[PDB]
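K.L.:
Work the whole structure out from these sequences, hints included.
Each chain is listed here by its residues.
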Amino acid sequence: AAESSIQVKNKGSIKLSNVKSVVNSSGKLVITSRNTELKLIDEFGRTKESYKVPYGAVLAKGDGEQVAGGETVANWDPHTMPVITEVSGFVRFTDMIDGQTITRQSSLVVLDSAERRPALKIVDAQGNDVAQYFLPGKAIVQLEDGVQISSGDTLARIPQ
Amino acid sequence: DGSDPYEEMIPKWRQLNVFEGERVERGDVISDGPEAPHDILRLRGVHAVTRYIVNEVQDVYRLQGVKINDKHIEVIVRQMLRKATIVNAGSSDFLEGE
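From first to last, the protein sequence lines are chains A and B. What the first sequence shows, in the entry's author numbering, is residues 945 to 1049, 1057 to 1067, 1075 to 1088, 1097 to 1126, in sequence order. What the second sequence shows, in the entry's author numbering, is residues 1181 to 1278, in sequence order.
Source of the hints: derived by calculation from the structure; they are not laboratory data. Every residue, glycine too, gets a C-beta built ideally from N, C-alpha and C. Treat the hints with care, as some may be off.
Derived DSS-like pairs: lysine-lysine, alpha-carbon spacing no greater than 25 Å straight-line [unchecked claim]:
| hint | chain 1 | residue 1 | chain 2 | residue 2 |
| --- | --- | --- | --- | --- |
| 1 | A | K1079 | A | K964 |
| 2 | A | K996 | A | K955 |
| 3 | A | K992 | B | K1247 |
| 4 | A | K996 | A | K983 |
| 5 | A | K983 | A | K972 |
| 6 | A | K1104 | B | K1247 |
Restraint ranges, calculated between C-beta atoms of paired labels, are given here [claimed, not checked]:
| hint | chain 1 | residue 1 | chain 2 | residue 2 | range |
| --- | --- | --- | --- | --- | --- |
| 7 | B | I1248 | A | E947 | 29 to 37 Å |
| 8 | B | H1227 | A | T1047 | 44 to 52 Å |
| 9 | B | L1261 | A | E981 | 55 to 63 Å |
| 10 | B | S1211 | A | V1113 | 29 to 37 Å |
P.N.:
Take a look at the structure:
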């Protein structure tokens, strides 16, 4: 099932439990907790649907909202789990080597553990220090330095 | 964890799920995969291994269209939960399955 959309059989209000509220680039929120629970409350305390929500997911409608049914309540990338940004501002890239840790596809790879992962915090506005960024194998960041990315946004991670 | 760190080794053939701290509690999943029943008992408790084995066994039976009460599996699970291992002494017992 390549479709990441979650269908709702009955008009039950979503009850999200064991989640982390992180402000995203829009009114929706991104969950940074691996374990999450979803429940539907229509007219009584009995739940109807549970499903499962992976980390780095964006909910279509807020928690406790009476969902009309038949529409997606949360959307997430079914292949990659995005890594959220705790600090909003320019992306600080440390020890960026061209020709060894650069793979042209701007969208450029970060580094390769086998070939050689510097850790740095996201800049406040341009280069201010404010968070540890870990780059596993085949990790790629499409945001260059000075992109001034806001909190709750993530580029393609390209899992190994 | 404040004291007594748990040094665990991963042969790197399996990806590590939780990258940040997130205050990982006991029984949390470090990496994906089908968990052994032994691991659930050691960390999550007796009640968890009872619920896991019942659901796993009843899933096969329910798929074929067979009705078996859950009391008949908990009875058998009880018979597999004997022979504790002792980690303390003073009463003629020291590191032995009894």
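K.L.:
Check the hint pairing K996(A) with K983(A) against an upper bound of 25 Å on the C-alpha distance.
P.N.:
10 Å, holds
K.L.:
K1079(A) and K964(A): Cα distance at most 25 Å?
P.N.:
21 Å, holds
K.L.:
Given the hint that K996(A) pairs with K955(A), test it: the Cα-Cα distance must not exceed 25 Å.
P.N.:
18 Å, holds
K.L.:
State, for the Cβ atoms of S1211(B) and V1113(A), whether the hinted interval 29 to 37 Å holds or is violated.
P.N.:
Holds, at about 32 Å.
K.L.:
Decide if the proposed pair is consistent with the structure: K983(A) and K972(A), CA atoms, cutoff 25 Å inclusive.
P.N.:
Between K983(A) and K972(A) the Cα gap is close to 18 Å, so the pair holds against 25 Å.
K.L.:
Compare the distance between the alpha carbons of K1104(A) and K1247(B) with 25 Å, and conclude whether the hinted pair is satisfied.
P.N.:
49 Å, violated
K.L.:
Given the hinted pair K992(A) and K1247(B), is their alpha-carbon gap at most 25 Å?
P.N.:
22 Å, holds
K.L.:
Could you check the hint for me, namely that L1261(B) and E981(A) are 55 to 63 Å apart, CB to CB?
P.N.:
The hinted range 55 to 63 Å is violated for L1261(B) and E981(A), with Cβ atoms some 28 Å apart.
K.L.:
Note whether the CB distance of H1227(B) and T1047(A) lies within 44 to 52 Å or breaks it.
P.N.:
Check passed, 50 Å falls within 44 to 52 Å.
K.L.:
For the pair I1248(B) and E947(A), does the Cβ-Cβ distance stay inside 29 to 37 Å?
P.N.:
35 Å, holds
In summary, the structure is inconsistent with hints 6, 9 from the numbered list given earlier, while agreeing with the others.
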